[PDB]
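Peer 1: Each chain, written out:
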Amino acid sequence: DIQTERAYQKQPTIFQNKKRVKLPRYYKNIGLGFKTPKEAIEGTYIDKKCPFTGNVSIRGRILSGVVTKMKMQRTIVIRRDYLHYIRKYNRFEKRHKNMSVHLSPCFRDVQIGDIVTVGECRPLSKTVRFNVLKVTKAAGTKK
Amino acid sequence: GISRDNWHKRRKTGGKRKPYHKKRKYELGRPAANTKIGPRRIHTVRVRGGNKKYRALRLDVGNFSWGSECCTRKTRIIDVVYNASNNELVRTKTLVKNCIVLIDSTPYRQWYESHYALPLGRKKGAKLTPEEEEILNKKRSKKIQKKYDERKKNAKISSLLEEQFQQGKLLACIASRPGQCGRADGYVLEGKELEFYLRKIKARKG
Amino acid sequence: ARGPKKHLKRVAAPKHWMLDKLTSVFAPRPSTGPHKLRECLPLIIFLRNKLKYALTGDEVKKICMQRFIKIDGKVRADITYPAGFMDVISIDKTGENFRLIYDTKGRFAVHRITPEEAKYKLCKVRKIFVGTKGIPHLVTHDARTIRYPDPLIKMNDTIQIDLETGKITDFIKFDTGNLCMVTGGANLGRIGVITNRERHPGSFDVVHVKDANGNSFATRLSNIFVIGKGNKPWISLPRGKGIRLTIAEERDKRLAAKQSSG
RNA sequence: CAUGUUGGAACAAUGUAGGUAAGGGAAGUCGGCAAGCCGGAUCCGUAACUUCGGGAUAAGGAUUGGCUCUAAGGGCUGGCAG
RNA sequence: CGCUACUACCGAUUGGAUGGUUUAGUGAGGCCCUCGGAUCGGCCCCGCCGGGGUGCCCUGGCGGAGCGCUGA
RNA sequence: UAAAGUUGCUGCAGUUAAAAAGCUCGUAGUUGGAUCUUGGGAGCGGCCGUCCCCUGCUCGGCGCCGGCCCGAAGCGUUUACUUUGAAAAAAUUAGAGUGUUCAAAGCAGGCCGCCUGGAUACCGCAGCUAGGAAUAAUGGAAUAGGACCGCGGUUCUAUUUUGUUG
RNA sequence: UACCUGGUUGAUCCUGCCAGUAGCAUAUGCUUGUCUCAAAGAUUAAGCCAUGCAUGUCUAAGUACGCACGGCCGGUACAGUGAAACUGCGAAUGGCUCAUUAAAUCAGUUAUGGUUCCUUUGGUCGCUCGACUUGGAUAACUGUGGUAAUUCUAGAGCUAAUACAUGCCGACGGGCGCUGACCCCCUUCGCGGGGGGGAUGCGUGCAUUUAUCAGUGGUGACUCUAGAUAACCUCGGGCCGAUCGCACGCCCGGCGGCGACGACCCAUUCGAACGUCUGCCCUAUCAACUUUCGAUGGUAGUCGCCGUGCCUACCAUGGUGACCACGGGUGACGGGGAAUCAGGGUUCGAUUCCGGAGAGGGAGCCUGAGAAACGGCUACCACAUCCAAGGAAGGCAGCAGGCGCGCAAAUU
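Protein chains in written order, with the entry's author numbering: chain M, 3 to 23, 32 to 153; chain J, 2 to 207; chain F, 2 to 263.
Among the hints, a few may not be true.
Using 30 Å as the maximum straight-line C-alpha spacing, the simulated DSBU-like pairs for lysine-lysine come out as follows [said to hold, decoys possible]: (1) M:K38 - F:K155; (2) F:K128 - F:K106; (3) J:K37 - M:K12; (4) M:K81 - J:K10; (5) M:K12 - J:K201; (6) J:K75 - F:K134; (7) J:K53 - F:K7; (8) M:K21 - J:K203; (9) M:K20 - J:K144; (10) J:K143 - M:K21.
Hints were generated in silico from the structure; no laboratory data involved.
Sequences are here, hints too, so could you generate the full structure?
Peer 2: Now the structure itself:
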């Protein structure tokens, strides 16, 4: 389950140590018009870099990419295909900036090839400046 | 000096950056406070913008909020017991943010007697014969003893604070930065937090 | 670049002051105030070349430090005071006054008024604060915390406070058809009305601005002021009468003042 | 077992076998001969050349004491407890 | 093959000279912490004397300590 | 730098002048078949040009006798492409504007107090904003986990209410 | 203005190059009547440098007895100027040069809800229930003292303060919270029980700490802003005005009109810094790169103005690349621009505007709001002027002027 880690993972707002006689979970809305899922609020996991149930505010640019790797933890590698116009040779070329993105852990089942939504914020880490805001399931996966 | 520059180290790919300028002042490091538990020894440090920053070097005063009923009294700090950051910061008794430090129960033992009138612990057979607490545990007005009847059924102690208030040792925590502000303020561990930071000590026992 | 600049080159001086390149070699890096370097016409050039009161740095300085220039109820003695939008300037010797409006072109409204018009200012808030014991507070275009506002005044809205005291009288709540003044770019003073409101949460909220001749375009909500209600201004206007004449019609009437005028 | 077929008293030369040497450092000499240095292990790092096997303990560096803890590495009996 | 004229090439020389990055060793100088304590001022009980409430005292020209205590 | 179409995007060349791998296989890369909204309905122009249309309903009016529609609004595969708009230092440059008396400059001055200048386009790409949906992508139902209707059920639980009290 | 001509042949048609042709911008050659704007030690050496100055500065507004001058009405002090001193504020602006630096710098572009900011401006400056104005030294002044001095330097005797420091009246009389003597009413038999006063013991502003409890204004969006409660407070603690100029009444120690400053503080402006997105020359005779000595993440901190492997700790094993990563190179500061130009392009930008970088080479730091500053300092490494041979002093890539360099660039 959870809290097989060193320091007490908690939300720095809610309480859970009062006299009675299922812990109360704090979330928020994000702006732009995005939906926090059932899985965020039904579950009991504890994370701080989420734009919904954590300390980060989404502002500036909001971009999209396609998921390539999920071998890191709480952060994914997405990829941004675009065409670059060279003025001399009136044609294009494939380039990509596979930007480092934090994996907002409210998204339970994300696969590679899923079109993600990413929002600019303050830097979470050295290269990470983005969070996951929505995910679409693979083309089938019937079994 | 010791810098907080982003350019002295490697890129995403691996290739090393080449420095285009020498170190700036704003990219700044000063050594860790390494603040002991002693008498109140605090050096002030000037910081960027012409402001102070209080370096605790020895510090054992600060207030801790008993989270259940929310009472807070400035208490002496006695022992650093746990630190998830480094197991060796416990040894060289250094106060940092999220140090699980011991404080005295006597300012809160005072308050719970001065509000609820219930003596805790004191192994069965032990009365108080000099008698300051027994007339704080008996002999009120006739009808405001019913105020202590409306404060009896829902003032029952926590599962494992019966075995903390008895020994005069509260597992407190530090939620300020004594290397930045020169205080050691925080709260008293309770419930599942108390069943976490005591799980981290008794698992080491056997 | 280890401290603040104290010179500013005249080739690098902003064009909206309409200084040359040859006479001046530097520009006022001003002794500042409630509006920006770009977003002000400073009290030196608003004096020394746009009614041409003063000539040299000797001549300009010998007007300010006497306490003459009656700026919104407290005379201040700085030649480089940034005078932006919806403040009040007054002259106390010549018998002259100003309200700070945008003309439809790059430059501001260089326009004279009476002291009666220089008695109310229309202080649009940029955000609303609440103080240290649940007391409301304000953050305006001129950054003013003159508190106890109207409960129907929100961020996007313009308030009317009295100059003598600093207490609210009227306001303009955000409504479609309020007399508009776009405070941005080349539309920097389109004297029209708000004709539409549609949302850009996170991006920049779209408000379509209709100039009186039915000119349909849009600017972000950031830089759209509202000068009054419907057709009637609460303030006296500059010339042009809010039409934004195109490059074509600058040959039409301006040459027509050479036929019948001489 | 009784110091190797003898003992006692002296502690000169010159020997035989050990050592130690300020500053220099092979100027000694046929010749670095004799002596010296290096030496173990852990941990780095390892060239020319090559029959790709090697060269290789190449070369060249770092640590090593005591005491005191900590973590990791297993049986057994009827994801556990003893 | 043979004269002539430059031009690069290979080549013993454990060739030479240079910039830049770097492990290893000894390590200037600051800064920080830990003591330090040279000095420099205090506070007290009393000694020599005072002026008034009353041999007990509140303010004092002037010497000496337990450095008792305290600070830059 | 132009001439140089002797670096070739526009715009070269490879039978013999310099040049096609000896030959196929092959991965990225590059380029990839046709195919999915059609014509008439409704007024005018001087038989036919143009216009107007054939997407979904919590707030509000020319209103109105549980209710008929229309405007503000949260919300309608995505991408490229294209148009507009936002913003985008001057200087230089092109030049509206104006006689440095010429020229390059310059926001000068002009009429016997007043009037007027100090704009504008461009600013590859990239970002933003609102249309268009041709062109090329790229999807949606296949042991249907199917779009669309109101049901049988199973929980958290808005508030309109059980005279005030529980 | 969208262009061609000569040259291999005995003559030919061609591929093809060399050569003309025209600008352009460095030198150089010879020649130089008028006047106008006007480049200039960029290229080689960011090589070396002989005096000086450009950063300090004096007013009706901390502050003033220099006898330094000089006015008269003096004993209610301080007339009115002007010098060091310093509370404080400037030397971080400029000017110069292009060495490093290849997603750097930089450009457009949005971000700070990640922060800092004297000046400048909004402001708040009896909210707390517990002084008629104070400390005891210091500065300049001043005398005596040496040491070649160099902007080198002790002791004595005086002493001012928006310093160095302590702080009290008033507002003030309560309200705001608990433990509560005590009383007003009683229903049922006494106990069980339902509501208001009231002595009094305590605690109670503004920034920093957690937590409890509902959610009063606000942005697209809070752990914003809050309400309040337990109340918590660095001798190296935030403020709670020990301020000034000139007017000044009613009055015999009280009231008030207009300036002045600085902080706790929030809100600006000038900014700064870290960030987002997209963009750059050559190179495969650079194909893998980076990583229990930080590589790419987590989580707790450490520290920093704040966001971050920025730096530690114990974990996970990532990140990047055939869309050229990484490595090497550049007679690479980038851009705004420049030359040429049918259309496309191509070369150039050290040079006056902007952004960055550096002050021989590196490195460390004081001060200040703001330098990792060199017209500051401290070293080490190189260069180099004094020396009385003990020991001092120094930075022209600021402006002239040397020296060296060169094809190449002015008047101390």
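Peer 1: None of the hints should be skipped; say for each whether it holds.
Peer 2: Going down the list of hints, with the structure as the test:
no. : hint            : verdict
1   : M:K38 - F:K155  : holds, 23 Å
2   : F:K128 - F:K106 : holds, 28 Å
3   : J:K37 - M:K12   : holds, 27 Å
4   : M:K81 - J:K10   : holds, 24 Å
5   : M:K12 - J:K201  : holds, 16 Å
6   : J:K75 - F:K134  : holds, 25 Å
7   : J:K53 - F:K7    : holds, 29 Å
8   : M:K21 - J:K203  : holds, 25 Å
9   : M:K20 - J:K144  : holds, 29 Å
10  : J:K143 - M:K21  : holds, 28 Å
When held up to the earlier numbered hints, the structure conflicts with none and fits them all.
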